[PDB]
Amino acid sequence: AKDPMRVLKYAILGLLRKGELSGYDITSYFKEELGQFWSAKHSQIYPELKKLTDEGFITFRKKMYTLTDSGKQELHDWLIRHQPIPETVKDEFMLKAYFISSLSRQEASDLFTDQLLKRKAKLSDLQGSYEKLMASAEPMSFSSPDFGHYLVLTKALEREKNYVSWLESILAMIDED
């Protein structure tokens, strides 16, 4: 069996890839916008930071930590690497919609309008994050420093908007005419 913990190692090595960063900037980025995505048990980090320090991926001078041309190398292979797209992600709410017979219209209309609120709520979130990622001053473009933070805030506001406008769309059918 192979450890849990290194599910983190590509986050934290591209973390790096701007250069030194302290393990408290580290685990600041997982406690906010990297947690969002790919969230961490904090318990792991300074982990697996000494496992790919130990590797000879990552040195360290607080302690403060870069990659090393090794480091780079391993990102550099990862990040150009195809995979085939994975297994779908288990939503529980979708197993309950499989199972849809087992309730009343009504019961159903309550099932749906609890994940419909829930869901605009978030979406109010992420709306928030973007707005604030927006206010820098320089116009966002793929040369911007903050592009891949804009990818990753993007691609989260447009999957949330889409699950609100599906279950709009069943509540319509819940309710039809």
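Numbering follows the first chain given and starts at 1. Basically, rigid core = biggest C-alpha set you can superpose within 1.5 Å across the two forms. Compared with the form deposited in another entry:
Superposed on the core, the two forms barely differ at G14: its CA moves less than 2 Å between these two forms.
Superposed on the core, the two forms differ at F37: its CA moves 2 Å or more between these two forms.
Superposition of the core reveals a Cα shift of less than 2 Å for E168 between these two forms.
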Second form
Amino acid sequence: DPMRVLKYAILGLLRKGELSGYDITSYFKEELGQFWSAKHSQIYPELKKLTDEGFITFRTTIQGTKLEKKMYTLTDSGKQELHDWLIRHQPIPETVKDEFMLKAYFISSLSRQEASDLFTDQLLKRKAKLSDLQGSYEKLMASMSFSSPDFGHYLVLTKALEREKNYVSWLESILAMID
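For comparison with the form deposited in one PDB entry, please write out the form deposited in another entry.
FYI, this one's just the chain on its own, none of its partners or other molecules.
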């Protein structure tokens, strides 16, 4: 049984009303993009698939004067299909891929200097990313409970922030042992 995560990502994204393929692409680049993403080149054929499967519907609006655009709504099938996925308990994956950690495992092939340089570089990026994430949190807070319509936003953002805090503190631990 093929997983088809993207199908559920699209269906989930449409849960509060119509969106274009472009809007979908745009959401994968905002806060959700820390945990799932797809290129437009994957999304458009899939939108066609989901329509043929009868989970979604589209109408054709016009931006400006002659630019066509396709708004998508969930169907009865779509909402249910979505829901049957949402509450389904899934096994946690063994692997969550990280190319840096793969490098970490092969550390013996590096001299103290080379490893220090590698790990230092990673930290500076990870801290830069941490800044961007910390800033976003604040921009969200001025704008928190389960009732909140931004609770989904809050979840992905706090997770992403924690994830980078953890990565920074970990790297600093190894650098203390390296240097």
